[PDB]
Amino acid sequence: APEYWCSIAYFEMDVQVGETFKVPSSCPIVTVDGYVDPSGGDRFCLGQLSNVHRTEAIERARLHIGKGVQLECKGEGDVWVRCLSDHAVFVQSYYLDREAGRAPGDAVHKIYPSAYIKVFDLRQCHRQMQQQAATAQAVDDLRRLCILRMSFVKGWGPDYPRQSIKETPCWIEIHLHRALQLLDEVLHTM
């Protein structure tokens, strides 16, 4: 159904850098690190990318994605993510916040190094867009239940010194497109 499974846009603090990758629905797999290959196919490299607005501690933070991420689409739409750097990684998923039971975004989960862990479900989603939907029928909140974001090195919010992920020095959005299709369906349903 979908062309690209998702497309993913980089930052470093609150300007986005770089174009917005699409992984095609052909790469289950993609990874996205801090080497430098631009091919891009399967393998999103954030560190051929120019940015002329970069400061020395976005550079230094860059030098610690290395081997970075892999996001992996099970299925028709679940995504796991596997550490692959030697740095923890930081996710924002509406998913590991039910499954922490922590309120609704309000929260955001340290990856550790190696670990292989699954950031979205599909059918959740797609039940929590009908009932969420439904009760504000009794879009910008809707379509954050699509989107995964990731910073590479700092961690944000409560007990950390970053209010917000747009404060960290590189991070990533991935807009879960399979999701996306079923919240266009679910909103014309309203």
The other form holds:
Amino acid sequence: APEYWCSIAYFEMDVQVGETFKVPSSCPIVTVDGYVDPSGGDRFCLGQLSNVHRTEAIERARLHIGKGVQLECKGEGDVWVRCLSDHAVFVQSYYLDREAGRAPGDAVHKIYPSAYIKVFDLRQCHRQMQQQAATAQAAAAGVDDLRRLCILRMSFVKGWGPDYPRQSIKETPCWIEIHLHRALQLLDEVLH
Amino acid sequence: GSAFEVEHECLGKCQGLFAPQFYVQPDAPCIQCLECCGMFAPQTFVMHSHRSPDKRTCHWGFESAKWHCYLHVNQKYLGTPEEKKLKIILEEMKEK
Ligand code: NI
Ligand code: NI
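Taking the form deposited without its partner chain as the starting point, write out the structure of the form solved in complex with its partner chain.
Next comes the full complex, and the chain you just saw is listed first.
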């Protein structure tokens, strides 16, 4: 159904850099890297982007983005990441929180170079969604929270931990937030 | 003179000195932990760390077999003359 299967916003620390990259439903695999072709379509390059508030440190980091990552939408809306870069990437995924037995949002998931890891399951998201809503309703008789089930965030190069010099992802020199549109349509139906 | 420093960031971190002279067989100890002074084969170096993971971090997809993807030059050599030279030598050492 949806026109774009996700859309991706690039940030350097707490400032969005560049425009939001929308990914057409006919481009199930989208590469996000450190090079410079501005085309659009199935590749979102970050090498070329300007930022008036850029620092030496952010510049340094941008060098390691390199081949970056692929984000692949598999069949029934499941999302995989493949880390083409030669530096690891760090991810926020409730699915990975679950798979590893951690409380939601209470871990960061380092993905290692060459790795190909599954970071979201549409059916699970939809189930968790239906279920939490149906219960909270019937108890009476996390909208901002349910929303977060349909979103991944990832930092190239540097992780953020308690546990790390930097505490949140907006303190990392170059990261992205990825809104998954089928998940968001489903939650829209659920909320009605 | 000919050995250069290297590093990895898997399941921890470790810095070492790589001597291309000694890398004569796949299993040849050519890298020394700058902390413990032990000599490691590349694959075993990639498994060698004195720090333990935060256990707030979860590590996905790691394999020592893929050491070639994880081993880099020391950040000391960054934004320096020698960055670009050492990478090709390192890349050459990955081919073998
Ligand atoms: Ni060890
Ligand atoms: Ni030790």
